[PDB]
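There are 2 protein chains.
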Amino acid sequence: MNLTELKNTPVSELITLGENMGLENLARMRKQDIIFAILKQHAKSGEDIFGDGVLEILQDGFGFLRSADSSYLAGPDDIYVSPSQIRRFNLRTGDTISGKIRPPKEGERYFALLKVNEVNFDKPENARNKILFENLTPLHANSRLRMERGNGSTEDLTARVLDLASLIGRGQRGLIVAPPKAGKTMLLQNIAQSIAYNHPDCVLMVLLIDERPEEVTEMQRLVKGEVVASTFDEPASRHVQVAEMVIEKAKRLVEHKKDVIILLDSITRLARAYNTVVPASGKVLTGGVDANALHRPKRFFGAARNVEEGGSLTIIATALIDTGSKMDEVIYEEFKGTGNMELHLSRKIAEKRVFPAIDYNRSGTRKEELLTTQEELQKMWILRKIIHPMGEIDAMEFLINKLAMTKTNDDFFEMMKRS
Amino acid sequence: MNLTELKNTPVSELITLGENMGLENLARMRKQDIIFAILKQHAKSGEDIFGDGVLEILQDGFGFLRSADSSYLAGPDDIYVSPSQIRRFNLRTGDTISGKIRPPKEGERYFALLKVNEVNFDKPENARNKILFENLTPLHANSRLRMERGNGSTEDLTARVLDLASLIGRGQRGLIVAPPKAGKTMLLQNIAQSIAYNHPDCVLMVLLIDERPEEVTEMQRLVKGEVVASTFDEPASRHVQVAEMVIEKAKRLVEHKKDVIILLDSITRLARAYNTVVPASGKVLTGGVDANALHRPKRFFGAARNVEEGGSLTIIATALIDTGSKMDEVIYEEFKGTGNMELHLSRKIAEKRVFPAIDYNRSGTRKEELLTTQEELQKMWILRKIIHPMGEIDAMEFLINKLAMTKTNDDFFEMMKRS
Ligand SMILES: Nc1ncnc2c1ncn2[C@@H]1O[C@H](COP(=O)(O)OP(=O)(O)OP(O)(O)=S)[C@@H](O)[C@H]1O
Ligand SMILES: Nc1ncnc2c1ncn2[C@@H]1O[C@H](COP(=O)(O)OP(=O)(O)OP(O)(O)=S)[C@@H](O)[C@H]1O
Ligand SMILES: [Mg+2]
Ligand SMILES: [Mg+2]
Numbered sequence: 001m002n003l004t005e006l007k008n009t010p011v012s013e014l015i016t017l018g019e020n021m022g023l024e025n026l027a028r029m030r031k032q033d034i035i036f037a038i039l040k041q042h043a044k045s046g047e048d049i050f051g052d053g054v055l056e057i058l059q060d061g062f063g064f065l066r067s068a069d070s071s072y073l074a075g076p077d078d079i080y081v082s083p084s085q086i087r088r089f090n091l092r093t094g095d096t097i098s099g100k101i102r103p104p105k106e107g108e109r110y111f112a113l114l115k116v117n118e119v120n121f122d123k124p125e126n127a128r129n130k131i132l133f134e135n136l137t138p139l140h141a142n143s144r145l146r147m148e149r150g151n152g153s154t155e156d157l158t159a160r161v162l163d164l165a166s167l168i169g170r171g172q173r174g175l176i177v178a179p180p181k182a183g184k185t186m187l188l189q190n191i192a193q194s195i196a197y198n199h200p201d202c203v204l205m206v207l208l209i210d211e212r213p214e215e216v217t218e219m220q221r222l223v224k225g226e227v228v229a230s231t232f233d234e235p236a237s238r239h240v241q242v243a244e245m246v247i248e249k250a251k252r253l254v255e256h257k258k259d260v261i262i263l264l265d266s267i268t269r270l271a272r273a274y275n276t277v278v279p280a281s282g283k284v285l286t287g288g289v290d291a292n293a294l295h296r297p298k299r300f301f302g303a304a305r306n307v308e309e310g311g312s313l314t315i316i317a318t319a320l321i322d323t324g325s326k327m328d329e330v331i332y333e334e335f336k337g338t339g340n341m342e343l344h345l346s347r348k349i350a351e352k353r354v355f356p357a358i359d360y361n362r363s364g365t366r367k368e369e370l371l372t373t374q375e376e377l378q379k380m381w382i383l384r385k386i387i388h389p390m391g392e393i394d395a396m397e398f399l400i401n402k403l404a405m406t407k408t409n410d411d412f413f414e415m416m417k418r419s
Numbered sequence: 001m002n003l004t005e006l007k008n009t010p011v012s013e014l015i016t017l018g019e020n021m022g023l024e025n026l027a028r029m030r031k032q033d034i035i036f037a038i039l040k041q042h043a044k045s046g047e048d049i050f051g052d053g054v055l056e057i058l059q060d061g062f063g064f065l066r067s068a069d070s071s072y073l074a075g076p077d078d079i080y081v082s083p084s085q086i087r088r089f090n091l092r093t094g095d096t097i098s099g100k101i102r103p104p105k106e107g108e109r110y111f112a113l114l115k116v117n118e119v120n121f122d123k124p125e126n127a128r129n130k131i132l133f134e135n136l137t138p139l140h141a142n143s144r145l146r147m148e149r150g151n152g153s154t155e156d157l158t159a160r161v162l163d164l165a166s167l168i169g170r171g172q173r174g175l176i177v178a179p180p181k182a183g184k185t186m187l188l189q190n191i192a193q194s195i196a197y198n199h200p201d202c203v204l205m206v207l208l209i210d211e212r213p214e215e216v217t218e219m220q221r222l223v224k225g226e227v228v229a230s231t232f233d234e235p236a237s238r239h240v241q242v243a244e245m246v247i248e249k250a251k252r253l254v255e256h257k258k259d260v261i262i263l264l265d266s267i268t269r270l271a272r273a274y275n276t277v278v279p280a281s282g283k284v285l286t287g288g289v290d291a292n293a294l295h296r297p298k299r300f301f302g303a304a305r306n307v308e309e310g311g312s313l314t315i316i317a318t319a320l321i322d323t324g325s326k327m328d329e330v331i332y333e334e335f336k337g338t339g340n341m342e343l344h345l346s347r348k349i350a351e352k353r354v355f356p357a358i359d360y361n362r363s364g365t366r367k368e369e370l371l372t373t374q375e376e377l378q379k380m381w382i383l384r385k386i387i388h389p390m391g392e393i394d395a396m397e398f399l400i401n402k403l404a405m406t407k408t409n410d411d412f413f414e415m416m417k418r419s
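Top to bottom, those sequences are chains C and D. Position one of the first sequence corresponds to residue 1 (PDB author numbering), numbered consecutively onward. Position one of the second sequence corresponds to residue 1 (PDB author numbering), numbered consecutively onward.
It is worth saying that the hints were derived from the structure and are not from the lab. Where hints are given, some of them may not hold.
[Stated by the list, open to error] Derived contacts from chain C toward chain D, CB cut-off under 10 angstroms, selection only:
1) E5
2) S12
3) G22
4) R28
5) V277
6) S281
7) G288
8) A291
9) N292
10) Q374
11) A404
[To be verified] Rough simulated footprint, nothing fancy, chain C against chain D, three-plus residues with beta-carbon under 8 angstroms:
12) 124-132
13) 137-147
14) 292-304
[What the hints assert, rightly or not] So the derived list for chain D, only partly shown, Cβ under 8 angstroms to chain C, looks like this:
15) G61
16) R92
17) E155
18) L157
19) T338
Where a beta carbon is used, it is the ideal one built from N, C-alpha and C, also for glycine.
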């Protein structure tokens, strides 16, 4: 049986399974405790029990193994990993480990692992002889990540406007500069849906920082790819280590020539958490934010690259502006030139209830020649030069009106060039 | 003789009963001591006595049972609860327990429990088989919680303005941002009156932190639901204790598919109490607040959710701004985007003594489409569009004039659309 199989079950199953196995009062305690008790009960019987999850390396090799569906929460069900097999298998943070697990002995309250049978969805010997992520030489974006679903959905206009506005490809470094109440959440939702539909091969990851629980639940129940979120209730160190786990897992996955995509909401909140967790270095900029505090997020946002050998790590992270707190924009101008893809959203368009509220004139993508063919690039250039004089609200209303009466992007282009 | 019913009766009747029961003095000490003396005399008479209250768990199972009448104050009237009963019936903090009570033997001075006959207003056997609040999947608010009183009064006007400013539903997480002397207290009065009048089924409780005793007495003698308050005389430890007791009781109640509503005045004072009670973590932010000191209040404010299984927990906590103390706006910055409903009040409108003083443009709610219908949603949309341009003072004057002209919200909407 699988520990992951237990964790994917709902909460009520504790009555069906826990009580049937002889447990007395699993009704009233935290879910990880129910999982721990049931799996201890099953282990006492003696049958083989499986396990899997993402590896974490502590400061002294006191390794742990967390679960993705639990948002990497430190719980009793975490799998202990001694330094001996860490040295033997040359493991590190972010490694996906699957195999046998051992019932705890006296003096231990964590389930250690007997022997691993899969590392990063591959044999341990094949995973051992893999070069590090940072040794890989980056490149520019080559493969285009088209967001046009093509299913004729009623919400597909957002994806179409995204395709016309800013091209997204493998290995880009993207920013979504938007005010509050502008449509960031469901824009990222549409991006995730389009990625899951058009590109099932690439691994899709969504990361949510200090977000309300209802949005977390909706995101979990909507996107097909795995999503990890930490709420605002949880402390700053929780946010930091969740982000570290996500980035290490992405690096390990892309080390195997796999395309990884990370949607981040939001880089501003992650930067705030890093600022409030990093010890003061004596140099504080305007807004009560340390200098080296932004150093850690940039690395997280700097891992987006197109690996020459194989694979690509794409990061689309949204940023917050004009929230009333000056720290937000103070972070903002430290992130302007660091991204190669940028998308502006404006409050004024959202006020007119016109969605998606995209500032087409100001948003754009650099080095787009390497990502698209010349003919549709020329069509986009013609659209840009005929849309530049118009105001952003006028531009969006005209664009949605024109796109409503078409079917696909090519149909829109041919209709536009006919006129 | 119920302990609660004798607590409800004022001090004069307690003294009269003590005199009639052959007890000397009992006139120059606190209410708890008088109640203890009366209960001791009745126990020595020999008749069976029973009580009720809310459980509290200490650090070693040294269980106590408080009463909401005395605002959860630690006194002789509290009821002892042994760890044996806790392990037997599977109790935890916040459980509402009623049943037989026992006079103390030699060596102890606290009442024990012979047996429990009601747990959380339910049979004790069925109370154990309940899922934790942390294991319940949150959702967005679905059922609209209308605030319009509908009796055609004049204070209901304020409530009517609420239905025009920000929709409130079951499970909202709302913040009332207001400067000093802007109408917070009687706005909460109106909200509590509407809750107790339109929605008698839902459980309403009002929590007051470091509020003046006269305001506490005004609160208690007006609202229908039970109210708990701690004045600024008591130390911050009692503020934290009362807030934790309230949130635990709300969680226990909502675990039974009940609708719980909490009104908090104010979250800033609770944050101050947590800051001045939590030990320093070595990382102090601007304003003299510890980094993790704000972790605890957020949890209290993060419990507002709509449970898919059943029931809901709504929290309306007010916040203070422009008070001249930097800690207040630091806390406000740390609580800006955490809530899904905002109600902004301004001293500018209150200066002209136009009430309610609401910053209509800034105030609003998040994705109210799941709460209300459509046609009145477009009614509110066009009302916002036509009220957006002019200033807040003029907007409120126009709104109160038009609302006084009509009778109900539907009448207001039809009068607006016909003209
Ligand atoms: N493509 C769209 N179609 C229809 N309505 C939309 C669309 N995009 C946005 N909206 C509406 O605009 C609002 C956007 O809400 P959200 O996306 O939740 O806001 P947000 O970007 O998450 O910012 P926060 O979280 O509130 S600070 C909602 O009222 C939506 O109904
Ligand atoms: N709806 C209303 N009708 C009539 N008078 C009102 C109304 N709302 C507010 N006021 C007046 O405005 C003031 C509001 O007083 P409070 O609500 O007690 O102030 P507050 O918001 O509680 O701030 P604090 O706690 O006193 S610093 C009083 O002078 C009221 O008479
Ligand atoms: Mg959002
Ligand atoms: Mg007041």
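Going through the hints against the structure:
no.: 1; hint: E5; in the structure: 18 angstroms, violated
no.: 2; hint: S12; in the structure: 7 angstroms, holds
no.: 3; hint: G22; in the structure: 16 angstroms, violated
no.: 4; hint: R28; in the structure: 5 angstroms, holds
no.: 5; hint: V277; in the structure: 7 angstroms, holds
no.: 6; hint: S281; in the structure: 12 angstroms, violated
no.: 7; hint: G288; in the structure: 4 angstroms, holds
no.: 8; hint: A291; in the structure: 16 angstroms, violated
no.: 9; hint: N292; in the structure: 14 angstroms, violated
no.: 10; hint: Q374; in the structure: 43 angstroms, violated
no.: 11; hint: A404; in the structure: 20 angstroms, violated
no.: 12; hint: 124-132; in the structure: holds (count 5)
no.: 13; hint: 137-147; in the structure: holds (count 4)
no.: 14; hint: 292-304; in the structure: holds (count 5)
no.: 15; hint: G61; in the structure: 15 angstroms, violated
no.: 16; hint: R92; in the structure: 7 angstroms, holds
no.: 17; hint: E155; in the structure: 31 angstroms, violated
no.: 18; hint: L157; in the structure: 28 angstroms, violated
no.: 19; hint: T338; in the structure: 5 angstroms, holds
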